[PDB]
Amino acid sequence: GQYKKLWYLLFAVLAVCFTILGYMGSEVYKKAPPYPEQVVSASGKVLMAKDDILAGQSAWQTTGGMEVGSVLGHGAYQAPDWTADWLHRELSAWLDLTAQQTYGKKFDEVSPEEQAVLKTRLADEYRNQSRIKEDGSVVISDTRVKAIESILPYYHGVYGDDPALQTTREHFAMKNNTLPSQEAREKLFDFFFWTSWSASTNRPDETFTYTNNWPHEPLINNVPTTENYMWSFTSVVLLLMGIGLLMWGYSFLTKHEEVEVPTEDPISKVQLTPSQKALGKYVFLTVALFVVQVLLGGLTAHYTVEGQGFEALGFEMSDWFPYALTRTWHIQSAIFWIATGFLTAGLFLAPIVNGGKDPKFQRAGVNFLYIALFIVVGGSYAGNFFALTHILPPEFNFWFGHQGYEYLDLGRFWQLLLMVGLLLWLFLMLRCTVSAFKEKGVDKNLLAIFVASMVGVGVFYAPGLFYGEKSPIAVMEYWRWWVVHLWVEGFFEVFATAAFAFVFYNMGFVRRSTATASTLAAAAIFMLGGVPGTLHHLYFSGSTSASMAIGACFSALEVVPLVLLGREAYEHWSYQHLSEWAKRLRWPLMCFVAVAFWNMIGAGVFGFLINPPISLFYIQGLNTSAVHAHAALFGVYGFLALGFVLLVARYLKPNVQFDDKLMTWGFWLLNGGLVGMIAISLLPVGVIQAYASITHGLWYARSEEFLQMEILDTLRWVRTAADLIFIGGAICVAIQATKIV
């Protein structure tokens, strides 16, 4: 139509960004750290062939995966980082062995000059002993073989049953036999060794490791590279130059037009079809998983202060429901109820778009989608419970058990079933619009972008597939962030914006041109830095030095739209003071004003704190990622889902009022709990934990005696005072939404 410039600008953004992203994925396949054919000692004692590295990667997913610790930065934050911990134990062992056969003392009775000699001899057998080319063989001296063999007792004790290594499994919140089979418990440490090898060995040509000198290890001069500084001083310039240049466009290209609303609620005139009346059970589920998901959060936060249970009447608590299991359930349920809220908010708009009716048997397909959703959520949680007690045979662990990679913890069978359910939902949504496209009216522009976003949110769960059980780590780390970063942080902020404009145009709150030109210009800024910014999750996990130059500069244009979001929060807050009928949809509009607030304090202020490559170097794997996780995820998409189901509750029982005094408590208790469990517990621990990782190293900030310090312990204990408030607010909102329906 007349928006032909705004459509071309959007097609030109998608073409150039999906090539920067696709080309840098063609290099992850051919520049990732390789699995060496053999790791031979210097003498010739072959040790740890590659198929044992793969058997250890498979044995790692049966222990809980990234939910029990963290490997190469990604994982949980209670047990240490196994790469940065193995590396330091092996380095200190090598040093204490070489200091004995040279001077006769244990590296600490040794004077600083000889400490310098020993350290400059250490960081040359680790760094410049790369993978031999023309054959995947890695040659290791005979002191490094004795250093590895002397630290294996500790790890056998921490992952197995050992009366000596109690009080260290309780501090890591680990069940006793995390990996019972001692035959597989030794192949897992081959995988741990390989991960610490790729993190301390120079690339075949450069002077930095395969992980860009990650993590911080002063013993071998693991420090930020030079372009690590340059590309981090550059992204700040791009951010500050785009913030004030978009505020310059907003002030010259926006006239603040004025509209008069209709007299009576133009959506409350369309009577409910038989399919829209089926959506009553979809609303109760979006706030039932929400209360189940928040209880599991307070139940997994209990293991971080005690490590054991309360239930001295029955079984062992930490044997069937350990920290890994409750953490997996508490992370997975946060995706299900959010996605359910978006699904029901779409399925409500579908029949209204088709004039006023349902084309065929929508009520049958809607009920089928409901049943499939329950099958997925139930079978996934049953497979997670069996795959951690090791009742399930280990060969069926990747397909029906626990994948071991967070945000994709459900087995592959349930993953395929969920993808099929998503395709069915997309089919229904698209089926209820082909009559609105085929029409001799004018301006189907605002409807085309809407169905574009509908397709996007339903299709981009497929990249979670095409990575197998035995594929390299750096490859799944690249396809996992196509569904966690791209399908959520960049495709849900287009569906939500288009749904805002569509809904608020049908209710006569905005003009036809203002709602289709501002949405179509906000769908380009959300993909200019959203698509190639995927690579800010792959800095230090096996990607080249150009990945952290592309992801650092593009994800800075990803904060530019978010901090100027007080402009749309005033528009949504004023819509309620326009009529006496628009004052009924007040609490739905009040959640959309909170979405805009947390989209700039959670995803823009605390999201850019950890974005630059030099900040994330010392910070990856600490409690600031959890600040950002809770703030961004809930504050944005949780309030989005709650507002959507509260707006669907209304118009579905248009005879029940909203009980202001129950929602004034529910709203502010949620908003006061989220700020409570950030400003008094999460952020102080993250800042004390950041100071230690800059002076000493990541091995220290995550160690057992550092997390138990009588200050970090009375600080993750005070978090409970701010979590009961949050649970109360969730209870209030759930009670209200159930009373309505």
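Under this definition, the rigid core comprises the largest set of C-alpha atoms superposing within 1.5 Å between the forms. Residue numbers count along the first chain shown, from 1. First, how it differs from the form deposited in another entry.
With the rigid core aligned between the two forms, only one of 113, 395, 135, 258 has a CA shift of 2 Å or more: 258. In a rigid-core overlay of the protein, residue 358 has its C-alpha displaced by under 2 Å between the two forms. Core-superposed comparison between the two forms: the C-alpha position of residue 165 differs by less than 2 Å. Once the rigid core is overlaid between the two forms, residue 545 does not reach a Cα shift of 2 Å, moving by less than that.
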The other form holds:
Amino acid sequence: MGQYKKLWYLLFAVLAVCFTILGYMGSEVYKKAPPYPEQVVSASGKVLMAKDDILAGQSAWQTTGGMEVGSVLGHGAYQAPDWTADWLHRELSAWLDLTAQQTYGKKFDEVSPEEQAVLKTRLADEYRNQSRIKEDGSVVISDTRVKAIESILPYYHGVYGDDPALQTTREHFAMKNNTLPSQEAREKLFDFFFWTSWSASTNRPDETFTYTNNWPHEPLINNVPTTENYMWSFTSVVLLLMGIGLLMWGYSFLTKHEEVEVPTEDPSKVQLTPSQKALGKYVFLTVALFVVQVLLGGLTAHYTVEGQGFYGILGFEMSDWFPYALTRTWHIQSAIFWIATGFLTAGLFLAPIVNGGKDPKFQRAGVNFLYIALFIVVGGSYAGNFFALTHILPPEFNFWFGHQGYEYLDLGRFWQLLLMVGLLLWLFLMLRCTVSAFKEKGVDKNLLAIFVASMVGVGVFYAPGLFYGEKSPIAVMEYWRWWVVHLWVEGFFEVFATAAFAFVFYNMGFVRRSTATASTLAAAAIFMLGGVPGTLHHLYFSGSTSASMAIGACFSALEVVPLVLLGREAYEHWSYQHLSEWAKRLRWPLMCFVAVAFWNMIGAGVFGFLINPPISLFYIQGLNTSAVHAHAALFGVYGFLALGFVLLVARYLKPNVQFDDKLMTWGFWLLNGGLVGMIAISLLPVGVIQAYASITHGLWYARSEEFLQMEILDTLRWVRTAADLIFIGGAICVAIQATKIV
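One more: the block was the form deposited in one PDB entry; return the form deposited in another entry.
The text that comes after this line covers the one chain and nothing more.
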């Protein structure tokens, strides 16, 4: 390893420690997740439900879209109410009304606060302590609780069915007129909802807080943040402040920046291999998927202000066939697909360059096979989502060929397996080009080794999404799912981008070999240190114990080291005085990387940390601030990276076509202005108002229909269309430039 032995050892130690921590917390989730009770029995002896009924309700929830229609335990969509919190509040209000009648003969509202406190204390004792699971695995609830459940059932039956008395409510929730047509399936789904509400309001066996760390905020049962929550939030802010102070104090020593002399030629000296020439279809697929995804996002926003549609007398009803759940699922899946496609194309273009400008036998055939597999995956998953949400798909094939119901993993298990096979094919095609480069003499191989390791990580770490099943517990499913939406996208993709950037810069002669290798190794070590144990900030209130708040909060704060220095080195080199001898013509792909740094600083650093401490997330999980952070971080870092990658690939495929700077300036600035406007004028104010309402009254109230249909919040969502149109125009401009080039 030569002079990089210390960096390699530090990376190894960081990897070992961080995966040991993450794996230990994984085994804790299997043993400490909220159990499914064997029986839920009334105090008189009548069984309400059983474990099989709860699991059947979970499967029924998966056939409606799951997280893509409302929210369960804080994860999902944001137009329909959070179901666990809404059910808890309605059952607590019904219990209070019933108990006030048998004690004072009046309702809860018309009773003096002195006895309201007594009623609230009796509710808190009954719900948090008397509902604890027993030795035999059963839960005993009172007849008053049974009556409250029976009283609140008809509202949910009308909401998830087609009752005329609840038509307006269904429209405000962006829900089709029959989300779950089967009454028997609706009854099971309400059992599942009750189970989630029970797990969110019942103390742990040997603790004074619930299985969800007192989530959601519910003043009626005193579901408030715990001392551990406060203690670890304070610790995480203190760690972030130290880290920032230490990075300021040591930036001078840490970064030496031994710059090299700028060359004159273009080592652009790339006789293109047949496999490289077959990536124009990849570039076109990336930009077409980007345009389709942006259009699907515009179509989902329209459902949040109208509910069913406008005009289209065209002869069918559109929410019956392409409802909000379907449009949002496709919108989320297309974004994942096109960002991943851009990264995979970029890698496939660099592989033959690593191989010395030659194709290993059958590389073009492998590339074409991968293209066909990616097309089949996308088309089949979308068709399965359509047929599952229309309920034409029989329910026993839903989890495998329809809608999984889990966000960011909505595609069926069969399509997930096909995508995994395609990713392994891509890794094989990348790795077969490295054998000759490794089998050389004299040349240092540390940068190649770190690049190959980042190849293996991207091509491998989609597997943890197959470690749960249809009937797997929700907390296990959430753990394995964030192993993919956070560790594989947020992590292992920055590593790939960094290792490709270093490889390209070294082979263009912009940086020294030692500088590139050391920078890549250090960046990989800091990204793994801040990202691998930072997975747990998605599991603070998902049935995990209190150790998740601690780990996720403290290490996620450690992910401040890269974000800051990011791009300083660009402003250190932005002022060039026509130093771009052969780079000002390609100014656009190289400027997608300055907006990348800006959005990494803003969307991922500012908006990502205001939601990170558990004391904040306790109130703002499930609100529009999550949408703000998601849009900013995801497109501003990774969509721009992928767009720059496919623009740079298209530049080398067709070096005789110039870039039309007037269409490029328009597209770039329309994208950046549209993103800025959609957060700053619509998304952020809605999130702030929702956060205030949540903190003051309850997450139930911040997600309620009565609160979302306020005059200020409907005009705040309509105004978004102005920035949405600008963003769609910018996306269309970029996609035309790319199509014109290839």
